[PDB]
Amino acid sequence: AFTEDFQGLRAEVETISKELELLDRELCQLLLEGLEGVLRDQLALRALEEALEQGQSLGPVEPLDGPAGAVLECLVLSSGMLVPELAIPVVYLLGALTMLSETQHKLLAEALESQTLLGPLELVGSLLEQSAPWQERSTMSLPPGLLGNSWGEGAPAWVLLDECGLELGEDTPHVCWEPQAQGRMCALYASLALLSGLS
């Protein structure tokens, strides 16, 4: 099949997330503080994406200024040589972030700062799981409010999902699945799951 299901998406993400749990906690905290600043600055988001390339630079990586440099410091040794253990997962994250809007990046920044990644991660993951098959439009039964999320026009979870192309409503049905939202909803899930794995 062309597509994957949420099970396959989850499996794919977990190949990266599984070994983030063995990463040193002090690293992940510094990395998460750096990623917060990167998610708040589109330019640093692009600067970091270029510096890492895709992790295949044979030589040392030159240090950078600002948030991009803050993240980059966490991924290199004393020489500036990237540690694939740390760089590749960040590359995967940056790849998924390319599909999201700056509005979503800053919403993810707020989630990092307040350490509230599990909420949106479950809402996005549950919508992906209950929207099968993704190529079909479908009104959905899940009310995000009954998961403990603030739900309403302008709410973080609203804007986060509205930016993916979903058709949102104040009342039932709160969410209608749109096939065009597949890629951004999947990338959104991956970005949340990778960030959460670091937390």
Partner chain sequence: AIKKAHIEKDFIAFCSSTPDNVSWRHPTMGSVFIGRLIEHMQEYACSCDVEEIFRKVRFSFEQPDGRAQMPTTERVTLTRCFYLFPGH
The other form holds:
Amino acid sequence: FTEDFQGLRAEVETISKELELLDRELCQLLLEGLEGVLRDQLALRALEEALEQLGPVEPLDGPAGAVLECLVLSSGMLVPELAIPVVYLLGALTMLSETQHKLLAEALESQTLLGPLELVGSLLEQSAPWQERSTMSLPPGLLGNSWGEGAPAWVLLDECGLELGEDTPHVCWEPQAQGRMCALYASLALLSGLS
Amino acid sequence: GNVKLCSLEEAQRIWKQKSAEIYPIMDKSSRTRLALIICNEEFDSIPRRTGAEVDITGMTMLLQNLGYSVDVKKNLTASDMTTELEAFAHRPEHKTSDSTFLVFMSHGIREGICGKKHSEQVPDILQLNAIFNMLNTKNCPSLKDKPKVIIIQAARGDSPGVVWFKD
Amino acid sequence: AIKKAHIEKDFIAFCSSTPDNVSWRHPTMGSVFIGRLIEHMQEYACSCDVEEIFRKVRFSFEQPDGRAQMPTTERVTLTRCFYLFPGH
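What does the same protein look like in the form deposited with its partner chain bound, given that the last one was the form solved without its partner chain?
So here's everything in the complex, that chain up top.
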């Protein structure tokens, strides 16, 4: 496809559009599982090794088993119609730091995904092309009350590679933050579709 | 009450004749059935349904005599009825129920059911399949394998629906 | 343990009239469709299933009197017979 943000948006939403095969009951169970997985460095690696991008997977313990018990048949066989959307989510979580993983668990818990979901989305579309350093500035329409040092929307962008500012042009886009910003948007977009 | 209740002699007779082809009825001592009635009476640009209150009382009494808790919402738009339907689709008491009844009473055209803000220029229509996929197994797993009776009182066109033939 | 299931089944719709035709109501005694439905439901819910009760309501409208209306059963995905058990 395209290397733009609209080419990433179509790449991501094709994983969400057919994720409607997940029921409302399973969506909240997968959400309660991914919340505990994002709080454990070990459970995320244990879950990712179990999925492994044929054979039945053994049941796990803790939050890792909570997610895996939402994606297997009675015999333990992985359903490829639903396991691949999840392994695309984890493929976007390996590119994120553990600090961002915890702040996603706070967003999943207090129902605050839509806060920085569009903020990252608007920053990824106005920063085209990704190959150049550009001095941007978020509008007051995207938050502006939460903004500040140590804020959830601040730490999620600082851990990507962006040099943030409280005043002036608030955000400075660096091309090295491209990989983590696309993964941070993919994580927030897929989790919002599951919500 | 007004419903001629089924005798236990006959209730046993029907379940004995075709047990594997009847939806299982839960016990009255612990079931929590639900029924939703959405009736739009007065409209902002369409003639008011004069006398639509007797239909609300009649259906509510009928559903209560069958063992259903009736929730009635009046005068809503196509988007306002969607908020009350999805809130009705993940109610907690549906997992301890065995059936449900949905009654829709408003104006309507060939497309679907009209809302409060419905006009000729700007529609306000809640189509039929919008109601169906909103309480399907996906958005409402608590009613999987359970009867979902939807009753619709609304016009569907403008023709009288008659034809004259030789007698 | 996750199983596969049909996206929608066990549905049944009972419309007020046939397509392209109008329903009919009375400001004093309510609608003719709502009134006739309550009569048969209060009468045949102890012996007939819902799909057969709706068929009996259509039978009472076989003779067009006044504003002819013919109720229609649409989008039937009932796998079993829905028997209401009044009193149980």
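Only residues modelled in both forms are compared. C-alpha atoms forming the largest set that superposes within 1.5 Å between two forms make up the rigid core. Numbering follows the first chain given and starts at 1.
The comparison between these two forms, aligned on the rigid core, picks out a single residue among 140, 155, 147, 28 whose CA moves by 2 Å or more, and that residue is 147.
Comparing between these two forms on a rigid core frame, one finds that residue 45 has its C-alpha moved by 0.2 Å.
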